[PDB]
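Each chain, written out:
2 protein chains.
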Amino acid sequence: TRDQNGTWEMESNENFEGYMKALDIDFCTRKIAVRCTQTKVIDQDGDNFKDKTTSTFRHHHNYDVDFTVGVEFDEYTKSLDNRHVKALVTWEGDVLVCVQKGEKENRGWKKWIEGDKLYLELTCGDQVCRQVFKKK
Amino acid sequence: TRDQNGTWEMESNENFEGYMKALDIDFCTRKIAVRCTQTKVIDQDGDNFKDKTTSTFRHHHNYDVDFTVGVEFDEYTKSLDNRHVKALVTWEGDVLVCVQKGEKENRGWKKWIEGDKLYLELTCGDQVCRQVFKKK
Numbered sequence: 001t002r003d004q005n006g007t008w009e010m011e012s013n014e015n016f017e018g019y020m021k022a023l024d025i026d027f028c029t030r031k032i033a034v035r036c037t038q039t040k041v042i043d044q045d046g047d048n049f050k051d052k053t054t055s056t057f058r059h060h061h062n063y064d065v066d067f068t069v070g071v072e073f074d075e076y077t078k079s080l081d082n083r084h085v086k087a088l089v090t091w092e093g094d095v096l097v098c099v100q101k102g103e104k105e106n107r108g109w110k111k112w113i114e115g116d117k118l119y120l121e122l123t124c125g126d127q128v129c130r131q132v133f134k135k136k
Numbered sequence: 001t002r003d004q005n006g007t008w009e010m011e012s013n014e015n016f017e018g019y020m021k022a023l024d025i026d027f028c029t030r031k032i033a034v035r036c037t038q039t040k041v042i043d044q045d046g047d048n049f050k051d052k053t054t055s056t057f058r059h060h061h062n063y064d065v066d067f068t069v070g071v072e073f074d075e076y077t078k079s080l081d082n083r084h085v086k087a088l089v090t091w092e093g094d095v096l097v098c099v100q101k102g103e104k105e106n107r108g109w110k111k112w113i114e115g116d117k118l119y120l121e122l123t124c125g126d127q128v129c130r131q132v133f134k135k136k
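Chains as they are written, first to last, in the authors' numbering: chain A, 1 to 136; chain B, 1 to 136.
Careful: at least some of the hints might be erroneous.
Unchecked claim - To be clear about the criterion: a stretch of chain A counts as covered by chain B if any three or more of its residues have a C-beta under 8 angstroms from a C-beta of chain B, and this derived list gives those stretches:
no., stretch
1, 6-14
2, 18-24
3, 52-62
4, 88-102
Everything labelled a hint here was simulated from the structure, so no lab data went into it.
Don't be surprised by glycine CBs; every beta carbon is placed ideally from N, CA and C.
If we strip away everything but chain A, and leave its shape as in the complex, we get:
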């Protein structure tokens, strides 16, 4: 049949990456594109076609870590760089301090409550990242 009308959702995709490589599309764009869902809405009247394609990309991470203050533990940083570190969490006053011994120097974090907000500082090398959290 020549009637292609419908709302069409992709259920299988094969060699999308090879096709995109042949288009000289960069590795980054290919990595995102291949993870997209696709919906095609085809509105066809005879030989007249209106094709509306929607591409969706979703990213979702859960990262669970359990530890006891003062007991060195093994950490696998799966929601970041996916490296093995040996982490030691201690208290310095009211600040929770973690050193992550491993490949990177100066790697760790500090976490404390101030003014009913949670403060986190992550360090790696000469880089410090500062994050602030609100109670939901």
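Use these hints to put chain B onto chain A, whose structure you have.
Below, chain B without anything else, positioned relative to chain A:
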């Protein structure tokens, strides 16, 4: 206080990029990561901690094409390789065939209905991508 229990929503995030760079996380991953919402659930029993961090990002784009079988039209392949092609669609039996005339050789696609599924094969050079769609 040393009580860090709570469901915490991130409201400020500064020098995340420099930190991820120091961890050798690539630009492709960083552009996704800086746009994720972050929720940290801290369940703390004395010096025993369970930290659950959730991070989520959603994005979509659209790609619309209108054409008539047998009428050549200009197509700009936005969200693919961003080139101008001269597209000519014809029927070969019940198979809809497009040639995208332009810089890439052997560039085109074929689209047909079989059973109740839509089949698409996109070609560029010697690379063929095959996609299958079900009616939703």
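Structure-based check of all given hints:
no. : hint   : verdict
1   : 6-14   : holds (count 9)
2   : 18-24  : holds (count 7)
3   : 52-62  : holds (count 11)
4   : 88-102 : holds (count 4)
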